[PDB]
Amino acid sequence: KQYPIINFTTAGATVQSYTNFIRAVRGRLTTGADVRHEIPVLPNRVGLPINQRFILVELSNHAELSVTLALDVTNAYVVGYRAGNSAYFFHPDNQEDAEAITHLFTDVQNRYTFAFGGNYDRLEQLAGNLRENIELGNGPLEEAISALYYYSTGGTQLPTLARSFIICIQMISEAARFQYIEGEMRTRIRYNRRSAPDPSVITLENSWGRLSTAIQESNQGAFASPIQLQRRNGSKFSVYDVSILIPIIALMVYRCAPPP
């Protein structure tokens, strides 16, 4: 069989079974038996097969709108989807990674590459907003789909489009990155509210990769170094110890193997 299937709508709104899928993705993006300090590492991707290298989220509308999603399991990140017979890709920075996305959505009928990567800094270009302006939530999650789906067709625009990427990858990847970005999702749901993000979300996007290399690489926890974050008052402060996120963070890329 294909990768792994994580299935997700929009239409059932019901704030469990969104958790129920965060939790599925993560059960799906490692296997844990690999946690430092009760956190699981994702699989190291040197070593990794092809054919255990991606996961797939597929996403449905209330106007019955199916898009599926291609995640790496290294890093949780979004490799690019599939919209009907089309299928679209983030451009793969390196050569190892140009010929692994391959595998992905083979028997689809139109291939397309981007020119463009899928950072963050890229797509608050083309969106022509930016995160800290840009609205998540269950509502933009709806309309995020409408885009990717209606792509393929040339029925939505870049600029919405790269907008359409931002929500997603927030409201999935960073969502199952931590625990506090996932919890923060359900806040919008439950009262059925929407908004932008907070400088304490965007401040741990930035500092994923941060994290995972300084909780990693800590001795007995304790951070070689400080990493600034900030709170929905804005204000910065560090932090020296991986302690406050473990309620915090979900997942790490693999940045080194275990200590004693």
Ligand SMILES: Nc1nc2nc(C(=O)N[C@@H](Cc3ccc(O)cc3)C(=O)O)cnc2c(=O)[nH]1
Given for the second form:
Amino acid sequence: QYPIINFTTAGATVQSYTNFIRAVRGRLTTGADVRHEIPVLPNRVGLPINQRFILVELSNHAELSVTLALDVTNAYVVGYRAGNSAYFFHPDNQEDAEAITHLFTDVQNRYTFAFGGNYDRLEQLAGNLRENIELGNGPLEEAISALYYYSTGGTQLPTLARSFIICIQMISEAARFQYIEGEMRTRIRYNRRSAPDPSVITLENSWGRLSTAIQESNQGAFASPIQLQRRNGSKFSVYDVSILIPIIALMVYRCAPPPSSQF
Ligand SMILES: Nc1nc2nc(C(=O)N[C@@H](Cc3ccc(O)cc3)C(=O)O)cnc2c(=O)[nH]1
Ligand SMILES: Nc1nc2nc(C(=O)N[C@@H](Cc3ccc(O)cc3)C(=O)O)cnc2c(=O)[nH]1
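For comparison with the form solved without the named molecule, please write out the form solved in complex with the named molecule.
So here's everything in the complex, that chain up top.
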């Protein structure tokens, strides 16, 4: 029922990863909502359940597969399937809890984690912050295996949390930001794993605020500047949507777009 996008870390290249992220974005957004050349994800309000999720099937060189479920309203990884078991993060509300009952319905064993899936909680469980977790094709390859082996006792909870952190950034954050996609492309091109620099972290942390600022902007101009960080940690002030067009690929729906003003 829900659309499936396939990616493998086995012999992954810049092009195969680029194709993957493009395909994810195409299934996340409908094309209905584009503001200042930036697509907006579907509004949660009134969105039919048959349109709520996409599936990302990850394979690796170890010949293992896991399937991540992503909420189209926010690109959030809500859970995953590995073989005969599915695992869902603790839902943040009642209707998100109802929504996940529509996923992996044929699976033998259904589990809801007692913990939520936000970075704060996952970092706590991993025993490491995002700034100290390596990203790249190698980490993703290993993350797929770790997710796969969780149900049989092979994967410690900190490793599982770390693996989620890897998946979320290389899939969801890359889909949200061309900039983060670009950083992942670089790691793949050279087969060199590295932890995300402050430009990556601050973009991830600011996605909600950037989405709202763009959507509330006066003809693209922010009422309040947003402070980001560069690769070297130095401050970068954002005053306008214009500078974000090459950086942000998708926004979360925050408000209705204002009417055009006919001059
Ligand atoms: N499973 C899953 N989890 C996710 N979790 C986050 C996440 O935790 N974002 C943070 C950003 C933030 C962090 C710290 C701050 O001080 C401020 C903002 C937030 O909204 O709280 C983002 N994306 C996903 C995602 O796609 N899938
Ligand atoms: N399906 C689903 N969605 C969820 N979405 C959030 C969440 O943080 N939502 C934000 C949107 C947002 C997302 C990522 C960010 O980095 C920043 C903002 C909000 O409601 O404003 C937390 N949990 C869940 C969850 O369990 N299940």
